[PDB]
Amino acid sequence: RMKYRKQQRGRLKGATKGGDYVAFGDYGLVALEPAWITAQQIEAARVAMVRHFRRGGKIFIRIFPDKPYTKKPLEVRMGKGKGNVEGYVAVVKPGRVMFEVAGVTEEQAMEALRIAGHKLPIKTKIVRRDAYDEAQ
Amino acid sequence: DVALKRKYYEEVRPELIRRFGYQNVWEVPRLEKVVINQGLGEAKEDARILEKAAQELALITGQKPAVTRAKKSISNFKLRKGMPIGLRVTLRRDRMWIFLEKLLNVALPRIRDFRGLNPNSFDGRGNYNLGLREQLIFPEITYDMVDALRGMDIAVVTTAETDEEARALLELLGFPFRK
Amino acid sequence: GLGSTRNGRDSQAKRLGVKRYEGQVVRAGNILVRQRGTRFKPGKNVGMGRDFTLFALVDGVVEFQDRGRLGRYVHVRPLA
Amino acid sequence: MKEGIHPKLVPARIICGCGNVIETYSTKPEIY
Amino acid sequence: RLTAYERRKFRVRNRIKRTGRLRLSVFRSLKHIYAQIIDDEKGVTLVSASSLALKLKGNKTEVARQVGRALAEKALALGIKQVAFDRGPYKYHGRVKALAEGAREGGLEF
Amino acid sequence: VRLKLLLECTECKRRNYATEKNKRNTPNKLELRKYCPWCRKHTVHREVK
RNA sequence: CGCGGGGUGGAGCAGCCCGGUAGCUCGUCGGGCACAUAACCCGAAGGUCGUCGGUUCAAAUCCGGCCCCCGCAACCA
RNA sequence: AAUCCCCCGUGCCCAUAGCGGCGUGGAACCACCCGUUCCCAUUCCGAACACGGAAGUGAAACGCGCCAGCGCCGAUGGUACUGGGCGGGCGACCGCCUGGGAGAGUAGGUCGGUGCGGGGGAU
RNA sequence: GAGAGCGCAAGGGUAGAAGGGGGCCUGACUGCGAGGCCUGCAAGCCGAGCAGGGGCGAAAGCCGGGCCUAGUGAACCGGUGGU
RNA sequence: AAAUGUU
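Order-wise, the sequence lines are chains j, c, t, CC, l and y.
Letter by letter, the first sequence follows residues 6 to 141 in the authors' numbering.
Letter by letter, the second sequence follows residues 4 to 182 in the authors' numbering.
Letter by letter, the third sequence follows residues 6 to 85 in the authors' numbering.
Letter by letter, the fourth sequence follows residues 1 to 32 in the authors' numbering.
Letter by letter, the fifth sequence follows residues 3 to 112 in the authors' numbering.
Letter by letter, the sixth sequence follows residues 5 to 53 in the authors' numbering.
With a straight-line Cα cutoff of 20 angstroms, these simulated PhoX-like cross-link-like pairs (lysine-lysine) come out:
| hint | chain 1 | residue 1 | chain 2 | residue 2 |
| --- | --- | --- | --- | --- |
| 1 | l | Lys44 | t | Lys49 |
| 2 | l | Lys44 | l | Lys19 |
| 3 | t | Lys49 | l | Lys11 |
| 4 | CC | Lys8 | c | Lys55 |
| 5 | t | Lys46 | l | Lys11 |
| 6 | t | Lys46 | l | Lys19 |
| 7 | t | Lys49 | l | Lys19 |
| 8 | CC | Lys2 | c | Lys36 |
Cβ pair distances, simulated, as ranges:
| hint | chain 1 | residue 1 | chain 2 | residue 2 | range |
| --- | --- | --- | --- | --- | --- |
| 9 | c | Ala171 | CC | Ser26 | 20 to 28 angstroms |
| 10 | c | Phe178 | l | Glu8 | 35 to 43 angstroms |
| 11 | t | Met53 | l | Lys59 | 44 to 52 angstroms |
| 12 | l | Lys59 | c | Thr93 | 38 to 46 angstroms |
| 13 | t | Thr10 | j | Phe65 | 40 to 48 angstroms |
| 14 | j | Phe69 | c | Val38 | 51 to 59 angstroms |
| 15 | l | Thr5 | c | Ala50 | 34 to 42 angstroms |
Rather than coming from a laboratory, the hints here were simulated on the basis of the structure.
Where is the CB? At the ideal position from N, CA and C, for every residue including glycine.
Please model the complete structure; the sequences and the hints are all you need to start from.
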């Protein structure tokens, strides 16, 4: 969870539409609605997919955080310099693939990306592979 | 001695034309300039070596200009982006075949280890650098004449194509090989 | 900084656009381009001031053209 | 070619080497 | 990408700017002492010249003077060319000159 | 204005000055140059103040 | 998170007004006198100036980061 | 000249004009080339710039000629976005009507186009 | 295909070069200014061309401070030089 | 002027 040698330290808000089509593992939980998603829910699902599996499982993570937070700490009258950043987030707009799987094709594998998509406040869906388009 | 080496070249190479082609004579193998670089860099101090080293190589050959700037200002010693470093001299046609056969024939075994001058692996692709020389062994002069001899360089350039187009040339001219 | 907010420094801005677009009969002395760096090289009958400001030199019609690799040129073509 | 500054090399090839048989280079050790 | 004929494209260019004057460009190869008078703003050649068209041969250098002495009379034969200049290839010395000194017989104002 | 100076140069024949700047440390040698006064001759002035 | 001061031998300190050049006090070791100690008398060793880079013919000395030590207040799970 | 074809100077379109691979030129033109006093010049060198000129040669450089592996421009058909209208949503946000309409990708494209003036060939 | 450099911060720009090196010199000057961009006033900015007298160049030509945008503050009251 | 010594 290092994001070291940063460019700029404070950022802005606002986002509405989104893309980034189907991926190519064996199974991946796919989003439906937009929501910010912190750097800790990702780690929670990364632990809960692993310790279900078989003391062995493999996972490909496709979501990474950039945008920083602000809090203005506890009881402050407004109107000063907005600071004090903290642990910080990513963005997933309608449809791009989170967390594709090791590929052992069982409901042994299909259950873990139900119990991982049971935190993570988005509403998800489960798919597999027949896409086979072309990119660069 | 200059025409004496001219006729040696021009009566050994038409004898030794008989391994390539016979066509387009003016398109085989020929020699070019010779650069000699003193390359001291020890006169980051006073400009006393810039006169003192400029009267023995310039007394063997043509004058010794100060192509001596340093382009940058790394650490080591505060050179002060400038000063002088290089001590280059260029030789073209006449002092060319003065200096070449003068260093080759009647002077060179004043050096030790006697393995010609070549450990046979110069590994050029283009115009074939060489040059194994530590300063003031046998040029013409008298037994010390300076303090702290500093080692010189030689870089012949040719118009050859493969490695053997100057390996065979400089070996049928002389220049003993093998380590 | 130190532990607060140290900003709130800015400057009232110059204008520097294009003043005398295609067509538009001009007379000798009008400023055609205020710019910061050379983005429009001069042509015939167009001078170039001290800080890269183009200005008409004789009377006529401002006419834009390009060159491609070399760059955009402007020049004022005589009136009739 | 600057004609005044470079050193003099008119006869500084035509000698035998200012004494060659003391210089020990002609038949000196280079043979097999 | 450009092998040291950059001065020719830099010096000549700085000349085009003042388009109130007409140019003569010379060539200076061996049996080739050529010149041309170009009117700039309409790209043509206004009048030609000669080194071997007019033959004028020998084995010499004074043919360079001869060509300019021809360009003088051939300029004032149409008579309008009062104002013109002269560039060249590189350095302006002997061979490239006599052309200027030959055009200085007809009153070419340079 | 620590090392720079406001110097004010006069003539080798006459009156008042022609107002310029000087360094005082890297040159020191009392400068002199050539200019056109209101007596129309292009004479040489000297650092006088 | 904060306010100002400092990094020099084993420890404590001058040298930083303004560019050239490293010293003092305690303290460790070795030889002296004395029946053996204490005290006293001679001599020697122990660094570059926290850490990395810039400016000049020349940085302990002027500039920028990085990291430590001195004191004041409010608080998280 | 006042009908066509190779060469040599100048301009404009402006990389669908370039890089890389192999052949092909001197009878005429051109460049290497031979020398070094003056005409000149090289922080040193006639390597460049300049001078006086047979030979030998077209190998190097330059022009026509070919081959799409690298580059370079690139359709039709769709979709995102949106000028102007109406709708549904607690909240991030979505839908339909009417005019416009990209970027990436696919089939494919080319190893340039063109004036002005001189010297020769078909007379 | 310029991704280096240009006294100091960032953006624009530039090798058909404002970038590095030598040759000679002070236009880092004086009856002076048509015409404009900006603007509540006051301020700031660019400027072809005549006349005087001069530098570099064979000529063509260019020069009234620096590659450009920051290094500055109205009046009143006083000081020193000429008219 | 100038100290101490049973382990």
